[PDB]
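2 protein chains.
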Amino acid sequence: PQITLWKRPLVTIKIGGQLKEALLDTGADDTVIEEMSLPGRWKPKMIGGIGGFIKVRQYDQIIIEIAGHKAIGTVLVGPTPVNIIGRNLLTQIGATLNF
Amino acid sequence: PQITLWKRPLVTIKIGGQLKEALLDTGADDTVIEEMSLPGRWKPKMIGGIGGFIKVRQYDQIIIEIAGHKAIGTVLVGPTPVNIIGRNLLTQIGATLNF
Ligand SMILES: CC(C)CN(C[C@@H](O)[C@H](Cc1ccccc1)NC(=O)O[C@H]1CO[C@H]2OCC[C@H]21)S(=O)(=O)c1ccc2c(c1)C(=O)O[B-]2(O)O
Ligand SMILES: [Cl-]
Ligand SMILES: [Cl-]
Ligand SMILES: [Cl-]
Ligand code: NA
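In order, the protein sequence lines correspond to chains B and A. Counting from 1 along the first sequence, just add 100 to a position and that's the residue number in the authors' numbering. Note that the authors' numbering numbers the second sequence so that position 79 is 79, with each residue one more than the last.
Hints are computed from structural coordinates only; laboratory data are not their basis. Note that beta-carbon positions come from the ideal geometry of N, C-alpha and C, so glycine has one too. Do not take every clue at face value.
[What the hints assert, rightly or not] Below, simulated DSSO-like cross-link-like pairs (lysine-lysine); rule was C-alpha separation at most 27 Å, straight line: (1) A:55 / B:155; (2) A:45 / A:14; (3) A:14 / A:70; (4) A:45 / A:55; (5) A:55 / B:107; (6) A:70 / A:7; (7) B:107 / A:43; (8) B:145 / A:55; (9) A:7 / B:114; (10) B:120 / A:55.
[Claimed, not checked] Pulled a few chain B residues facing chain A out of the computed Cβ check, cut under 8 Å: (11) 109; (12) 112; (13) 146; (14) 149; (15) 193; (16) 194.
Sequences and hints are given; from them, build the entire structure.
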């Protein structure tokens, strides 16, 4: 689709069989999701947001559908204010910014 | 232009007579710029995300040139680690997300 920006670009994602709402976020390098259960091992990551740095859990090679598009990649789990789809997965779905 | 998302979508802006580099950020409702002086009245606001909140000064009716396109709107000024062009100005330059 072509998504204008008068409203927040919220989409439905599917991860671990569950539907969640998430924000398409070109200002995020990484995809960050609220606390949930994911399979496999995780590794630590420090990410720096508007308010400072936080620790999150990094899960790699996670299957995730974004607005109906299949992606497989890194998902960070931690205390984010909203689920954000960052550029690591926006690139997988072929998203560009245009003006 | 069409901007791919392999790297941060950084553009040059002009604000208050100064050139700065800023992120085109679909995940931000509003535009947030590092500390600088702007003309006119302002009021304080708290904005929050990953890592918590920061206090900013809200200036209304500020003109920015974003990658050569002029737009006017509210600009928040404070200790953000990155300059952020949010939806309030992305709409004005006709920016869309496409996939
Ligand atoms: C969290 C999101 C819903 C909202 N933000 C935009 C988001 O795009 C940030 C933009 C940003 C980019 C670099 C550094 C700091 C901030 N990205 C981000 O945190 O990305 C993380 C995930 O990947 C990592 O890569 C980049 C950092 C890491 S915000 O900045 O917190 C933000 C922007 C505007 C407003 C508010 C909060 C608010 O409350 O009112 B407001 O005036 O509307
Ligand atoms: Cl840890
Ligand atoms: Cl990835
Ligand atoms: Cl505005
Ligand atoms: Na003003």
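Each hint, compared with the structure:
For the proposed pair residue 55 of chain A and residue 155 of chain B, the alpha carbon gap of about 22 Å is at most 27 Å, so the pair holds. For a cut-off of 27 Å, the pair hint linking residue 45 of chain A to residue 14 of chain A stands: about 23 Å separates their Cα positions. Restraint check: the Cα-Cα separation between residue 14 of chain A and residue 70 of chain A comes to about 9 Å, which is no more than 27 Å; the hinted pair holds. Annotation: proposed proximity of residue 45 of chain A to residue 55 of chain A holds, straight-line Cα distance about 6 Å (limit 27 Å).
Restraint check for residue 55 of chain A and residue 107 of chain B: satisfied, since their Cα atoms lie roughly 24 Å apart, inside the 27 Å limit. Annotation: proposed proximity of residue 70 of chain A to residue 7 of chain A holds, straight-line Cα distance about 24 Å (limit 27 Å). Only pairs whose Cα atoms come within 27 Å are accepted, and residue 107 of chain B paired with residue 43 of chain A is accepted, the gap being roughly 24 Å. Restraint check: the Cα-Cα separation between residue 145 of chain B and residue 55 of chain A comes to about 26 Å, which is no more than 27 Å; the hinted pair holds.
For a cut-off of 27 Å, the pair hint linking residue 7 of chain A to residue 114 of chain B stands: about 25 Å separates their Cα positions. Simply put, residue 120 of chain B and residue 55 of chain A have alpha-carbon atoms about 30 Å apart, too far for the 27 Å limit, and the pair is violated. Checking residue 109 of chain B against chain A by beta carbon gives a least distance of about 5 Å; that is within 8 Å, so the hint holds. Contact between residue 112 of chain B and chain A, as hinted, is not supported at the beta carbon level, the nearest pair being about 15 Å apart and thus beyond 8 Å.
Taken as an interface hint, residue 146 of chain B does not check out: its beta carbon lies about 10 Å from the nearest beta carbon of chain A, beyond 8 Å. Because the smallest distance between the Cβ of residue 149 of chain B and any Cβ of chain A comes to about 2 Å, under 8 Å, the interface hint for this residue holds. The interface hint given for residue 193 of chain B holds, since its Cβ lies 5 Å from the closest Cβ of chain A, which is under the 8 Å cut-off. Hint status for residue 194 of chain B relative to chain A: holds, with the closest Cβ pair at about 5 Å, below 8 Å.
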